[PDB]
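What follows is one chain in structure tokens, specifically the form solved without its partner chain.
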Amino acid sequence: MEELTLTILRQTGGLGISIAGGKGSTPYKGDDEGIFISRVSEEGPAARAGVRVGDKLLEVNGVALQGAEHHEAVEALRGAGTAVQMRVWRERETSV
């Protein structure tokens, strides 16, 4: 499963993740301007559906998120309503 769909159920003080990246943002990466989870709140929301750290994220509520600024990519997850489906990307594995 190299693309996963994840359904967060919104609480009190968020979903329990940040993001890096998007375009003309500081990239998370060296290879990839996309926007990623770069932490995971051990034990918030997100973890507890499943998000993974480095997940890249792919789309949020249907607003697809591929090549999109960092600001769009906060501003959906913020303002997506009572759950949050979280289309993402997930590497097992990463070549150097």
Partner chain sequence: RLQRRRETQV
The other form holds:
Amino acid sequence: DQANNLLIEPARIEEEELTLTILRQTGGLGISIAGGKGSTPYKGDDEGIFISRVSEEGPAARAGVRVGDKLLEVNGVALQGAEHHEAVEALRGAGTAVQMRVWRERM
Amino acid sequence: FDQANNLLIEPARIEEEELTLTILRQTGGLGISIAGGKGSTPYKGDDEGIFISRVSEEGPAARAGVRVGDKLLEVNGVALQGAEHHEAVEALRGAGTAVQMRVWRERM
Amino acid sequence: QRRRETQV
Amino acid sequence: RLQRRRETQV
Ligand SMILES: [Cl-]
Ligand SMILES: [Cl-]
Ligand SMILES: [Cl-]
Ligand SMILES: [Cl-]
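Could you drop in the structure for the form deposited with its partner chain bound? We only have the form solved without its partner chain so far.
Full complex below, order starting with the chain above.
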């Protein structure tokens, strides 16, 4: 759209929180997690858990997971303050169906 | 935010920046890591450009002003636009003792 | 300076 | 070549 022949900024989604559900295949979720409290942040100074690599096709991609997503909850277990390895163990024992809440931003 | 006349307003922010930095090489190199390139998995978004991934703390690049996440645009007058990862590696390996780079920096 | 990344 | 994540210290 235009305003006196001057372009208008389009509608933008600055950030969103999604609830996704991954179905584990081959015993793996097809993602990589990086970061954790007490580790080098994955972005800025945010020490949370961030999805670093979404395997091509595979469980997480079909579920909607995307690189850069910050993992907030997993089957009702909040990850606030989790260290990398405490996040690893949470996602390894999450069972067949792993329901995730994530926070996504625009870049 | 900022406060002025009891109004909470958006602070002044630097969205994008282009900086020229000069790193001095030492024993062991420049103390950085580069990632990406044309034909490599992007380091950020769909951007196949070269970005600083690691800056050795208190190292040569740290003292020169480099910050993790900066996009490397030129090295000693040679632009890396469209360069493959390894082309950038050899460019930064052959830049000599003083490596003058123009980078692009985002906010968060 | 602990950079940690795992494949789950 | 493979479209893979690539990183090199310099
Ligand atoms: Cl949940
Ligand atoms: Cl970054
Ligand atoms: Cl230059
Ligand atoms: Cl050069």
